[PDB]
Amino acid sequence: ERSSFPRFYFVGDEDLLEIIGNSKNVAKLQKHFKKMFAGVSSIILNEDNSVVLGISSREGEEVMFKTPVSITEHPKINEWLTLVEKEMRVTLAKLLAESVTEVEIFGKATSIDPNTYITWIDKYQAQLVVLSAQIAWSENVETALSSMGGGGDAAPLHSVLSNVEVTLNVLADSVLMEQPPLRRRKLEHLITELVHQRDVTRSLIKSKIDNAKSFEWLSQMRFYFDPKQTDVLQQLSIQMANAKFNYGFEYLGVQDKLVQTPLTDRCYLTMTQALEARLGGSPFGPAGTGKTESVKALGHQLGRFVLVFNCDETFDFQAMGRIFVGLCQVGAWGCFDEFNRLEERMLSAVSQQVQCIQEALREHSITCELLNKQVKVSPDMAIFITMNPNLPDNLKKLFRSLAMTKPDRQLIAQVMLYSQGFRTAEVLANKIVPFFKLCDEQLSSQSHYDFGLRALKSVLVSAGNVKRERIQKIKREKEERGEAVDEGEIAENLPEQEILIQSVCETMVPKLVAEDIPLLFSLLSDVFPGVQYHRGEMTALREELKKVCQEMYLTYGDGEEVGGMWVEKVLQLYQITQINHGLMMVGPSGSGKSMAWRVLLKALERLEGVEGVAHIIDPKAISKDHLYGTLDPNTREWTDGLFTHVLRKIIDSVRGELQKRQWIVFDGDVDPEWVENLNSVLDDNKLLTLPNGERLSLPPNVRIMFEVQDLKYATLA
Amino acid sequence: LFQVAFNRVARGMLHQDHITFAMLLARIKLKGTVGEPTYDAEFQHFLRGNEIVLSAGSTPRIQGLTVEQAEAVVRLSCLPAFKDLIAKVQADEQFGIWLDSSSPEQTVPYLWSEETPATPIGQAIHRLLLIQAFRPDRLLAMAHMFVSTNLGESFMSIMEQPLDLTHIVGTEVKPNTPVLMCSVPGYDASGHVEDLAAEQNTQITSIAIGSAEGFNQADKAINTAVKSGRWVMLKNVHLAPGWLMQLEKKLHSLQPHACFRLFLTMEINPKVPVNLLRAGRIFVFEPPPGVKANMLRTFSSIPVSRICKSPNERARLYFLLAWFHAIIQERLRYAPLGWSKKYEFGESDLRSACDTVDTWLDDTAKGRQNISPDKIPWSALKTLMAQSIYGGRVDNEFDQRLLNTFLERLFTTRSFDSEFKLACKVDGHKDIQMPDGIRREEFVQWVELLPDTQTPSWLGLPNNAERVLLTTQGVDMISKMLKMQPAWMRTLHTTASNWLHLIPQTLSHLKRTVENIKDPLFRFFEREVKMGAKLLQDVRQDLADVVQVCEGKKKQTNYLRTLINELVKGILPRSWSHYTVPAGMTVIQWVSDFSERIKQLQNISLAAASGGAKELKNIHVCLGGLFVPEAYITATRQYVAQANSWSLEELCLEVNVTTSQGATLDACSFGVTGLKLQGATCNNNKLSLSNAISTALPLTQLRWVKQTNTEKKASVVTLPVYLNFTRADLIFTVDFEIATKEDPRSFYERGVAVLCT
Amino acid sequence: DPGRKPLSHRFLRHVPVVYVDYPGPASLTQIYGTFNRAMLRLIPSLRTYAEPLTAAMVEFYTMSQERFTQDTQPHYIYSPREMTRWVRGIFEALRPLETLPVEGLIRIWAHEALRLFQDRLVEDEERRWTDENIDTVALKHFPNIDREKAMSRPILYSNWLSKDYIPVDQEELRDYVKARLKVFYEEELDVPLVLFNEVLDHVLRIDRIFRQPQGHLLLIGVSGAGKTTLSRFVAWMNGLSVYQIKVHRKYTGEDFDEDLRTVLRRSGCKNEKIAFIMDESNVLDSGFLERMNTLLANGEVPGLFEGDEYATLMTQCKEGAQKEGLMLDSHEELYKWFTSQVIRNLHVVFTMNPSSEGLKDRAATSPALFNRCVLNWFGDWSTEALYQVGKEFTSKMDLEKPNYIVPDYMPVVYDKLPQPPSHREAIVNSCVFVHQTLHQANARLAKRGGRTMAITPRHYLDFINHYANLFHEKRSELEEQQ
Ligand SMILES: Nc1ncnc2c1ncn2[C@@H]1O[C@H](COP(=O)(O)OP(=O)(O)OP(=O)(O)O)[C@@H](O)[C@H]1O
Ligand SMILES: Nc1ncnc2c1ncn2[C@@H]1O[C@H](COP(=O)(O)OP(=O)(O)O)[C@@H](O)[C@H]1O
Ligand SMILES: Nc1ncnc2c1ncn2[C@@H]1O[C@H](COP(=O)(O)OP(=O)(O)O)[C@@H](O)[C@H]1O
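Read top to bottom, the protein sequences are chains U, G and H. Using PDB author numbering, the letters of the first sequence correspond one by one to residues 1622 to 1986, 1997 to 2020, 2027 to 2354. Using PDB author numbering, the letters of the second sequence correspond one by one to residues 3863 to 4347, 4374 to 4645. Its first residue numbered 2717, the third sequence is counted upward by one per residue in PDB author numbering.
Honestly, the hints are just simulated from the structure, not real lab data. Careful, some of the hints might be misleading.
Claimed, not checked - Restricting the straight-line Cα-Cα distance to at most 25 Å, the calculated cross-link-like pairs of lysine-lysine (BS3-like) are: (1) H/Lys3163 - H/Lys3107; (2) G/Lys4418 - U/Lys1834; (3) H/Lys2721 - U/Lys2257; (4) G/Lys4600 - U/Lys1827; (5) G/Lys4237 - U/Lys1834; (6) U/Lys2043 - G/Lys4244; (7) U/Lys2074 - G/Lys4418; (8) U/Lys2034 - G/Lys4133; (9) H/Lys3163 - G/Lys4441; (10) U/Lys2323 - U/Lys2094; (11) G/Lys4502 - G/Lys4487; (12) G/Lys4204 - U/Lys1829; (13) G/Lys4418 - U/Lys1865; (14) U/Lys2148 - G/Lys4406; (15) G/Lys4406 - U/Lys1829; (16) G/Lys4203 - U/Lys2034; (17) U/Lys1645 - U/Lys1697; (18) G/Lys4228 - U/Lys1834; (19) U/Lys2349 - G/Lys4422; (20) G/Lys4244 - U/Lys1834; (21) G/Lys4406 - U/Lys2033; (22) U/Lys2074 - G/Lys4594; (23) G/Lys4171 - U/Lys2033; (24) U/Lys1829 - G/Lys4441.
Okay, chain U solo, but in the shape it has when bound:
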């Protein structure tokens, strides 16, 4: 059973026994499918549960099978799982062929109809639209170069640049107006890919390249699509420098797209060259520069599903060994996290294992002995190991290295801002990146401060959302007063530095201590001169706060008055609740967090008319297993834990609590033991999983809130 369909090598042996016991039940296989795949979360099945119609993702995007496979005809679990994989690969290939045909139809066109482009984007998945855009652009550039092959001829490459420019303008226009979130992410991926294509085309124009075999064009990633080939898996040939690989054709759902900085392209080139010479790469460097996500992006672009072995105290071996032999079997990639954090014995053992598999890979240029089993090495297999300065002695001769010394933050911010529809993106990025550089060093050091690159990306996304809210509000006001509605007409008039300052104030000021606020305001004055942001006070909320504080005997003050700081803190808490579904009111005991959120809840109930219900839960008083729920060793019955019980009661909507506002205040200390299960909740997914396998979606009204005293032991994640 284990050898056939090696994709369940990654799931646990106990989970293997569970899936064997649950063989005649497809409804309980969803967790395993989440585990072994990349972004696949559930298989779409009919009401009968005899044939699988298609696959879906965590976000909700789904793929439909051209020829669905019936489980009844092939009852064996491994047999129809292999059929599912093969049919998913074939369907992705065929949809990619359709999408490239479409994009070349809109390709080589003077003008682009926004309606047709939006319909095309909605028709196909994000990975497929990005891949089709890349294929079409690469083929167009290759054809234009071939026309230039005569030597000093007329330049059709300017036509390619103009087409990319008008497509980018269309995307920038489209992203500005309100869109569904999935189509929003699709647009963002498409526009960052097109920005990279535009920049590389500009470089090609500047270099006056005239030959299709010139190394200047060879260095950039080229996509070759061959619709005539019979084998669907080999249809797409991704080729860059000397190395050339086939597309993995595995579903990725929707993934964050890296901006392709010049250093990112350097990492791409180095890893690809290492893989061509049949040895892995070791992108060492300080933490926080996107090494592991660089490897993830390289794998995703190739269509290969990558493993992130987070190496900390949670790291294991027996599971590590079986998932490693599975990686060897399937051919998927595996990217280790920080390797220097292992125990010396631990590090030596994994080093010997990876040395053995790497020797097998070089021999393939074929089986290797893993757990006393000879394992055929797939040529597509690749392993990447990242340091935080070194590599063990048995691996130095076996692995290439690269310096992840510092990412190009300016280009990262410029591309991300341009993806949000911001105009003058380059100026804003060149201002904001040094601003965070100043923040990281001039501000007083604290444990909860985070001025990293992820902070930049989060702040920039929040700024984009703030701009969208402002344009929607102005559109509503224009509908009320007058009728002349034009998105661009408000767009170019609308200031944008104010929006960035508002976003950074709304996201960053709350984390500041009482002393750091003047320093932050001075930094905004220095980097963004003359421009200031004043938060629009919510007068109705202020009156409700006054009335509730009077009713609860609390003190009230505005600004410099007694209680002003507390009121501003409550207002910032309200804003974070508005823009986030997860909160942590960190502060010393005796600061007033509890009844601050209490008065905010009561004022919100008395203003908006939505009844407020709070469920105060202490995480440390009760044990983690009882907090989340017990797993029955024999019947697998679900004795829902306290938090799980509250969530299920809220979800069931027995007494209309969905219409009510629910705040799950987690008063008590926080440590990375119970919060690991809640980590899947505080992300944008907003799903909660259970050890039995049931997964629950979080209603929009529920707001997870942490009331903790200090963050000496809370992980930065």
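Mind docking chains G and H with the ligands on chain U? Use the hints.
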């Protein structure tokens, strides 16, 4: 006995420590013989010269002597025997010629004054003192000739000879004793022992140590050879230290055959068990330090069939690749200058580069006997060896720029002409010449006929690079000898009392004010003053605890115990070091640097107290003194931006290095002192190459001007600034305009940089 | 204080804290004057001395607390617990006796003061200071008393000669303990034991601790000084059954738990009094220490008895209650009766090697071990003890020379050496000096920082035995030739 002890100890010692052990044996013999005196004072000064503290007024600034030369000569004159030395330095005229002589140790002038003639060993040690004071770069050769004078000229005459391994394996070693071959990275000693086995007609078993099956094969081979008397071999034995201890334990209680001999080729790393090192005869193998030797090794490693392929131009490409690899590998030895850190440019980079060249020449030349030089994919090789290979380990941007300069200078269509120069002006006007041959044999012959007089100008560095390396090796000599040779309670009491007397008493904080809070320079200086005051209080309290412990009034706490242990051993305490320090800096010089830093901090605190932020602007700080100078440059940037209401991103840094008295305090200008220039001299903000090791910039002015959006001229160069001499941390980059007829690439290859200290 | 962790500020926000320090000197005066007035009601003729007695007690306790500060040694803590134990001991000694003049009362006061405030001291000058303080306070508060009779230096109290706990002369105690040692030699171990004064004081202290209930005692002193041998002697002489757990590398916590269960059921079910002998080499893990402090604090460790062991224990306790005459059915009452019998029969005596920083370590992880135990400084064999050992062991052979001439100057290391030192006396003093000079040499090596090996009285015994063998052999051969 002396000779055999040296010839048996040095066979398993690094080449730089041979002379250290030689002088140790020389001191042993000097004490042993009765005729000559003990020379305690001379050796004590020769080992402890540098910890004698001086003053600025104690240096008379003699003409023809540098500052460090002045300190050395006055310190040497503190000895009563050399009291009249400075008078003869001023009086003598032949001193000037001898000071810059190529070999000053051969003809050391007679300067030391004495009433009676001295023994030849006394003359030798006096010349040792003079050489150390005047020309420390020859201290290694001076030591060589001193040991030759003491124990005989041919005392080291065995070390230069090749390893007579056959005699050592045959007799003088027991069959129980395993022969140990510890080789530095990038070398394998298996060849010598394999050839020895071939010439002795003795069959050996070559087993590599990679995994458990390797362990089993090694154990089976050992069990067979212990009774059959044959030899065994193990490769990279260092991989399994626990199995190494197990093998040592098994070897201890086992009687071997007379003919049995056990070999273990190893790597030099801490992980190897100490017990095997103690219980076996070790051998150290180091590659010969030469460009010609590196080329010979490279051309021997690469199979002759692979170089001679269908394109005849391949051999030229392989020769060029070998030259580049050798040039970088021999630049590695000059770590502060040749690079910024010791990278691992091992043989794997060579193999990857060879494979890349092979595949790209196969791609471009599809089985063509000849291919035109312009059709060779120069861009592909340059880009790959700049970014993927030889570039992956490169983390600093400036080393990457240096690598780009090397590749662009070497790999080009110009390289295929008969007038190609692999180096420029190696000695005087002579320069190396690229071979005109097209076959591998021609290049091998050409490298074999190399002049064998390699100077640092062969590989790009200025000729004085050898001088700095030799001086550093001499300093390492002195440190190793000093390390090689209760009362310690009294000595620590004395040194702690001296440090309390030397270190400033207290440092005043800065007075916070709303206007001062608004000013960014005041914020930076207040943070610096707080850090300095906290660390000064910590150091003063710790030393007070130490001195109280010396009198017995207090008992040694565990943290106190560690502090005293680290002090007596001379290691820098961890609790004291909160700012970036050179790795090898000892405690005494750390305390001196701290005294200077606290003095500067007191100066700025007094200046701020007297006035305010406006007076805080025109203070000529030294970047070395400040704990984080990049914070200072950022603070100046913010100050000028606030003053002129400009964005921080639209500002660029310009440098106008002028004399201290001839400086204008413009509102956008800040005074920076103590900056030192390496490998060049500035004149009217114009850079010029020179052989001087370091030029002191009188006063560097930092001016911030708006970004003009004009492309930089071809005459300006970007010079990195490093805080310390090891060049481990980067502060910022300046832009300097070089003088006429100068090549920026030549600036780049010579490792020119600005040092804060 | 060790073993305590600061509570979270969040919790402290809710529960205000009130500090209860040691009672004030006037508070102590009243709080124990009431007790003394109650206790002195037993004997009417000395009721007028109660208040000055309490005044002297509180003055001495205050001076001892102000002088022997915790910083010097970790066990220099004097709480009103010590004063309560003092008054309880005085009342216990005064209970069976019906009449006593003032001098006997002051002698019992001095005996209890020596047994409480001078017993735990480490250094000798501390003991001499404490003796001087006792003399001074007895003179100041109680002037009209015969000094020699009230506080004669050999203060030895025992109940083995008479029916009552009256003072006992050291010579009579020596003879009685010699007879008891003869019996011990005949039945139990037959190794020599020489009775220097220190042995008499130590056996009296250990017996006093054993007789009282829940008596757990802390033996600290140089290894080889006789701690376990003397403890075994007292155990047999008090009727206690000696028990020490055999330890080795295989001896894990499970084996210790089984031995704890065995000793607990022997001391709580069969009504068999047991003496638990415990050693630092016998304690291989801090789990042993935590279980021991829990046992000596609560009297019964809940972590020993579960499941089948629990059922067997209740069966045994039911049988024991049935044979005793107590009818109990539920497990709770039976468990309480078992705990009572344990705290009544279980006396654990455990020895510690002398290491001041170690006492910091052991007291750090063991709260009750330094609190609910009595600490006695066995120390090393003093010069007088060494001289007695030398005289007794070097007695068989003829170490007598009529030709000996008394030197004008004698190092007189032994203070009570006879002024005409005989050959045997002189050579015994020389052996004492050789031990002393090895001690000095070890101290000097410690001062210079070199590694030193502690010198123990077992080294003295080995030296004497080697003397015996060498002298016998050489003299035998040479007299054979003679
Ligand atoms: N605006 C206010 N005016 C007056 N009193 C206030 C105000 N806000 C809070 N308090 C008082 O201050 C205290 C705050 O209690 P609270 O439980 O909120 O503290 P906390 O810092 O969150 O504590 P913990 O860490 O235990 O959760 C209470 O006594 C409350 O009555
Ligand atoms: N090339 C890139 N483009 C865009 N964002 C990036 C890029 N590289 C890194 N990031 C961001 O920086 C962060 C890097 O996180 P992480 O992978 O933990 O760094 P490291 O690789 O040092 O472990 C991520 O949150 C990611 O969003
Ligand atoms: N007072 C004494 N007289 C004679 N021998 C003694 C005396 N005290 C101890 N010993 C000897 O010490 C040995 C064991 O000492 P021990 O009681 O184990 O020391 P400790 O218990 O202090 O570690 C016995 O063999 C005994 O002969």
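Structure-based check of all given hints:
no.	hint	in the structure
1	H/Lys3163 - H/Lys3107	33 Å, violated
2	G/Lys4418 - U/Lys1834	61 Å, violated
3	H/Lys2721 - U/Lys2257	17 Å, holds
4	G/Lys4600 - U/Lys1827	18 Å, holds
5	G/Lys4237 - U/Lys1834	12 Å, holds
6	U/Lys2043 - G/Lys4244	23 Å, holds
7	U/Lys2074 - G/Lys4418	22 Å, holds
8	U/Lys2034 - G/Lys4133	19 Å, holds
9	H/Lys3163 - G/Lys4441	15 Å, holds
10	U/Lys2323 - U/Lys2094	20 Å, holds
11	G/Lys4502 - G/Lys4487	21 Å, holds
12	G/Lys4204 - U/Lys1829	39 Å, violated
13	G/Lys4418 - U/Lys1865	58 Å, violated
14	U/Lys2148 - G/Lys4406	21 Å, holds
15	G/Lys4406 - U/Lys1829	51 Å, violated
16	G/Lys4203 - U/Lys2034	20 Å, holds
17	U/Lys1645 - U/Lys1697	10 Å, holds
18	G/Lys4228 - U/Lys1834	14 Å, holds
19	U/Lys2349 - G/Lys4422	23 Å, holds
20	G/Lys4244 - U/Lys1834	16 Å, holds
21	G/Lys4406 - U/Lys2033	52 Å, violated
22	U/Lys2074 - G/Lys4594	20 Å, holds
23	G/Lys4171 - U/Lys2033	30 Å, violated
24	U/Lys1829 - G/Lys4441	82 Å, violated
Figure legend: structure checked against the earlier numbered hints; hints not met, in rising order: 1, 2, 12, 13, 15, 21, 23 and 24.
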